[PDB]
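Novice: Here is how the chains run, residue by residue.
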Amino acid sequence: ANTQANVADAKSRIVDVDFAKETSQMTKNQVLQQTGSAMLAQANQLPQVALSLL
Amino acid sequence: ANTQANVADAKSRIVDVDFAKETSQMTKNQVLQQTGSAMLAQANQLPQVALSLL
Amino acid sequence: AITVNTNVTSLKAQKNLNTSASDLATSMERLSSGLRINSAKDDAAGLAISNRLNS
Amino acid sequence: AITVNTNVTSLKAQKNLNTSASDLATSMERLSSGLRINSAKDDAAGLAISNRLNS
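Chains as they are written, first to last, in my numbering: chain A, 1 to 54; chain B, 1 to 54; chain C, 1 to 55; chain D, 1 to 55.
In isolation and in its complexed conformation, chain A is listed as follows:
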């Protein structure tokens, strides 16, 4: 029983996820998605300077 407890602890250190870290990464990538979407939508409007010159 002792050894089972210690070995399950050891395995958990390797296999399981950390919620405190992974939620932070998720929120960071959410914000980056919104920023990149805005920036790409603004980037697709660059060829319209030619209509002004034309």
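Errors might be hidden in some of the hints.
Once the Cα atoms are required to be at most 20 Å apart in a straight line, the calculated SDA-like pairs of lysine to any residue come out as [stated by the list, open to error]:
1. C:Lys41 <-> C:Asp23
2. B:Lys11 <-> D:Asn18
3. B:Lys28 <-> A:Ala43
Bear in mind the hints are in silico, worked out from the structure with no lab data behind them.
Given the structure of chain A, go ahead and fit chains B, C and D onto it with the hints provided.
Specialist: Just chains B, C and D now, with coordinates in the frame of chain A:
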């Protein structure tokens, strides 16, 4: 853990962008693009004084 | 600065929360067992003194 | 004047916003830790007095 936090702070000071500054630069260059487009379109109409003299 | 790629306040909050959770788990174990010394992590000289008194 | 190449109101607004963000981060850290003195940036003489009282 302490040292990782402090070193990631140090790296962020060097690598990451400042949104408050960069959005301001973006808006300034937007306005300058519109002004320069207008001024170039007005500049291409200068050889038409000759037709008046002619 | 206003940055998106690195968040240091979150790192420090994570470390504090982990420290608190570890302390709580230790206390829970000690109340469940009824003993102050469950390993040699706790008190090493007291472990040997208590082994001799137990004998 | 009406100018496009330099914007000073934006510079001053940036500095105020940065000051506010720094203060908020400091407060968040202090509430997460439970301590007023997390470094010697905070109170240097109190740090040493408290080390001696801790001993």
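Novice: Each hint: holds or not?
Specialist: Now for the hints, and whether the structure bears them out:
| no. | hint | verdict |
| --- | --- | --- |
| 1 | C:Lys41 <-> C:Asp23 | 14 Å, holds |
| 2 | B:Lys11 <-> D:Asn18 | 18 Å, holds |
| 3 | B:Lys28 <-> A:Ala43 | 16 Å, holds |
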